[PDB]
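Q: Position chains A, P, K and H against the provided structure of chain L, taking the given hints into account.
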Amino acid sequence: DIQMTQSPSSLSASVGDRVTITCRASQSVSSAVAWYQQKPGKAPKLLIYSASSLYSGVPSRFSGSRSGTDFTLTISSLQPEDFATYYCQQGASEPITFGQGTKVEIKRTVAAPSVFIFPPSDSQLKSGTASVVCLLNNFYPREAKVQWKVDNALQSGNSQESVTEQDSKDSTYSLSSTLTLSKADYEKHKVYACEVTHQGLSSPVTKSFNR
Amino acid sequence: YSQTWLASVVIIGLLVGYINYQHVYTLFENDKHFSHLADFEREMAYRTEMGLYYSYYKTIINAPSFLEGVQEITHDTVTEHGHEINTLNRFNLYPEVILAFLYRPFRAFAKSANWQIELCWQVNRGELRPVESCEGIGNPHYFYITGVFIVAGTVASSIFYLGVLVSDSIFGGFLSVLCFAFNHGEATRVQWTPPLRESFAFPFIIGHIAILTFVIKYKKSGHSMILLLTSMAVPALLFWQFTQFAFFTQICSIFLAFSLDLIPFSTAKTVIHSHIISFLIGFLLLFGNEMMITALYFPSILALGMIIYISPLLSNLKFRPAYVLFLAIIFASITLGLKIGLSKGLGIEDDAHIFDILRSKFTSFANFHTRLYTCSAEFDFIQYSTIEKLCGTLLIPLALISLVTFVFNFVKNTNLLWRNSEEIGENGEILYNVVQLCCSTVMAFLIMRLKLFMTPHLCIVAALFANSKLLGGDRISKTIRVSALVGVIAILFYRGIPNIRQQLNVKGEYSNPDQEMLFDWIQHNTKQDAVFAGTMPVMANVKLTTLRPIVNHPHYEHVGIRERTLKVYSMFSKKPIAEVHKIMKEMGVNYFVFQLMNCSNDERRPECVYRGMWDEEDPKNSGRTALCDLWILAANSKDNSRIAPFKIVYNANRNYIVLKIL
Amino acid sequence: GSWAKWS
Amino acid sequence: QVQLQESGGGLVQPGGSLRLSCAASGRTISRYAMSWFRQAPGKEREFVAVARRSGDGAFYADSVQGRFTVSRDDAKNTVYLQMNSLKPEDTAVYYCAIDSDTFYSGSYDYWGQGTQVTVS
Amino acid sequence: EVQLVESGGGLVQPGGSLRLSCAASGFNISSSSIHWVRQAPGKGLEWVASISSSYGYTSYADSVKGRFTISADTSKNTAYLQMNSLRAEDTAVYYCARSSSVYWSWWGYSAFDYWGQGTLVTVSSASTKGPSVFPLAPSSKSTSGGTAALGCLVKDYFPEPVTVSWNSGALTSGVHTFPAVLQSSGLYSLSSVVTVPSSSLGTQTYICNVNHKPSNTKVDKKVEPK
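Residue numbers (the authors' numbering), protein chains in the order written: chain L, 2 to 212; chain A, 23 to 684; chain P, -2 to 4; chain K, 1 to 120; chain H, 4 to 229.
Bound conformation, chain L alone:
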């Protein structure tokens, strides 16, 4: 019944930059707040307890500050290792509520996405359905809006959208959009198109073709 709200859901900063993540509590938990760091696919670990005490083992760069019912975790010098998700927890009531969870990213140059079409293959006419793919790579950040239109028709609820994690080579992202149609919907309007909008360009990239 207590809400642990974090305003900076997504934070992007360079290596060595000072970073601060805030935490607001609806009630007046005095010093029952803790900070956790979780690597992708791993278990969370304790960083700061009682909002002012540093856990034995974590580097002393991490700091925790308290003001009223507001709390903050700060890192003076950002490094490669402290790239994970951060969670805020309260421990003054039986229902233990965690924070929303903030993600830290690597600030870098923007990349112009490489955008590609992939129509259904020759085996799609016998499997019962057809699938078409619109895929882009090398974009930053994840803020990409892929639109599917057929003779200027909107779609909602059927697209399959996937986005991966940060690249290990150039630290960039890849996104894919999948559109699936049935037999009856396969032989309708010939023109098939998708549009991709990214912050790296001033205008969307449009691909139109004939099935």
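In short, the hints are calculated from the structure, not lab data.
There's no promise every hint is true.
To be verified - FRET-style restraints, in silico, Cβ to Cβ:
#: 1; chain 1: A; residue 1: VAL504; chain 2: K; residue 2: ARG31; range: 47 to 53 Å
#: 2; chain 1: K; residue 1: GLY42; chain 2: L; residue 2: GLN161; range: 46 to 52 Å
#: 3; chain 1: H; residue 1: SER33; chain 2: A; residue 2: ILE511; range: 19 to 25 Å
#: 4; chain 1: H; residue 1: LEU174; chain 2: L; residue 2: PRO96; range: 47 to 53 Å
#: 5; chain 1: H; residue 1: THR175; chain 2: K; residue 2: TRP111; range: 29 to 35 Å
#: 6; chain 1: A; residue 1: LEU347; chain 2: H; residue 2: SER33; range: 53 to 59 Å
#: 7; chain 1: L; residue 1: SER124; chain 2: H; residue 2: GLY45; range: 28 to 34 Å
The C-beta atom is built at its ideal place from N, Cα and C for all residues, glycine as well.
A: Structure of chains A, P, K and H alone, referenced to chain L:
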């Protein structure tokens, strides 16, 4: 509406107060027949402790001046012959002082203007000599009774206001006053015993409870609230020393609310400061009476003050059971250590009659004094007939339903295991009243006559049925709520009218002709400074009328009365007659007055007669001839030769007997 | 009765 | 129902510094994001910079990394862009672009006139 | 050293019962409280339930109060968690963390210091069977002469774990693999696309290898340009 509701509430409170005053006056006039009684016969109507209180009022109103009357009652040498005592703080005689101070100028100013406040007429009783009966506000008895009943009338108003406060509606106040009126006999006895101390003090106690509930409900603070609370606590403390114990049970209630985060800090400070100031004022006005200290009320004040003032240092605690337990341990430890550390540690008197009565009910502690207390039935366990009467009017079922509803709502609305030290949990006044009701119920069940506290709080808690939040809020609509609330009132009237009809169709008896003859003989055949001893109920009326000095009196709470009583009551023991004559000579008594029914075997309740009481207190003289047998034989055979040192001087119709100590 | 009773 | 304007201009000198300014009129910019765009002959419609709401991180094109500095003033709704070490290849028109979507999808619809910067 | 181990996760059908365990090495039970924390895919950490075995206190979250049950013994130093009537959104990874006992809460619970590795449990209404691999070839009208990409799409496989092997590991440049995506039917689909260099896509018929351990499907799929 916001102003019409409040004015109507105040007007209805005043109206019910007036109605209660008229009802108690009618009951008193029906029971005692004061309209056609002579002044000395009204004194006789004032029996064992009522006569002892009224005698000092009569002394002050008959003194040459008010200051000399006060000086005469504060240097009294006739109540306990042998030494000089201050009866103003010993007996809590402040109501008598105030009433006399108001009565003397009133008659003085009426006489100057020739206002006829008093009218007298001759009443012809019968074979006895005709006497004069005077009726009017100028008569001292009627002035005293009017003061008592005017004070007692405000109890209905206080109950109405408490019912309104704990329900936020006039329906709650109506429920409370209806429950009070239909159970009037089981709630108070001021109609039959006006001059008792509780008749003066209980209205102020209930007014203090009402003001405290108002302060808690609206979270008030400041010096005005302290003045309001003190103006009720001080009059209640100056009257009826037992008030202290009552204010103990209030404190234990407040603590239990404060420990549950339902009372803010500033209002808790205001309450504790008002209690400290009232205690200091009462202790100073009672002439530094040591028995006020080492009671349960002062150590509780200190303990609650320390608990309140260390509260902010524990604001970081989140586990509510640990917080409540720690506070309770500190409170109990401080109060117990301070009580034991001053009574047993330093010997600062104390009145432990309550503790001794409670010990005799659970253990095998017998004692002579506790046996006097617990064989009279107003200090024994409550009777089942009273519980049947309270359930018959549907007062107890309503209170139980309201308490269950409140407990359910409190459980569903409050986080039991985790506390937040900055949120006030609401409904603190209701919880305080519920805990006070629980304390009063335990007190009344253990000792009957403490019902005075239990029944009005049952009426108050019954008003929780009219609280909208407790009983569904807006799920029960508004038309349904009003429809059900008038149904409860209609059912209450169906089972309350017979009770009030019965209470109004009881007429008492007022003959008592033997004591009049005894007092006439005392006035004619004894000198003014003759010293009398005997049973305490007889001694208080012997002091009140015939104005003779006495050795013992029925006021039994203080110290140095138990030894005098135990020496005087040895005339009913099995001691040798020469020894009891020597005891009487040492105390300096001239006459001993008793009744032949005081020396009668019972065999239904042994060891509640003096014959069986003395065998526990004096085992070694068992097997001797009881002194009561000698008194009966002398009263019958009419020749007092076997009781050589003593001599029967008064013996009429074998009821009252007066012996002369030669 | 040593003391007053409730009547 | 939205519009914006810019200031500055003139013939710049190679290797110099300039402080361009852009400001919207009639609408706030705190809720929306903002971008800086370039339009040049031969290769126009090029992204330069973007800022989301207040300065929790401002992204720039790979060719303008560190040379351009962007400051904002929401009270005056004015945004300054300061550049130094002007290269001769900086002959283009600057656009202060506002996006009306809170999703931060960059659906810019208003371009305005911009400010021309010609070298030599 | 002090550590928490949990076991019992895996695959289950919704509405059934599951019965897992959490054991501890080092510290003895009844000296501290232990909590269960769930993490759903793409979601944050949510507290589930807690138990102090010192004197027998159990507590549950409101959203799951009425189904979960924890029983902790002192002889073997472990706790046992039982679920019944599973829903379709209860799938998650569970961690068994340790904190101070409730009876010594006293200014509140201590922060979770020693966490568990966590067991992943899924609820599904679909049966286990191998995937179907489909080619994914670039169009001739899109980026003809320069950039090009090709790959393979696996569809209709269960459960999640399937890996894609590219030409026996001969190429690692421009490889992009997405997280597995589940449509509402309870069955899995995935794609694997690599950006082939220029010069007519390397004039090589690229191959894909699928790996699905529950069915041991290791078929080889061809890719050809359009």
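Q: With reference to the structure, classify each hint as holding or not holding.
A: How the hints compare with the structure:
| no. | hint | result |
| --- | --- | --- |
| 1 | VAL504(A) to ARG31(K): 47 to 53 Å | holds (51 Å) |
| 2 | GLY42(K) to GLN161(L): 46 to 52 Å | violated (39 Å) |
| 3 | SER33(H) to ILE511(A): 19 to 25 Å | violated (57 Å) |
| 4 | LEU174(H) to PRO96(L): 47 to 53 Å | holds (51 Å) |
| 5 | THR175(H) to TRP111(K): 29 to 35 Å | violated (42 Å) |
| 6 | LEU347(A) to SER33(H): 53 to 59 Å | violated (21 Å) |
| 7 | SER124(L) to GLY45(H): 28 to 34 Å | holds (31 Å) |
Of the numbered hints given earlier, the model fails hints 2, 3, 5 and 6; all others are met.
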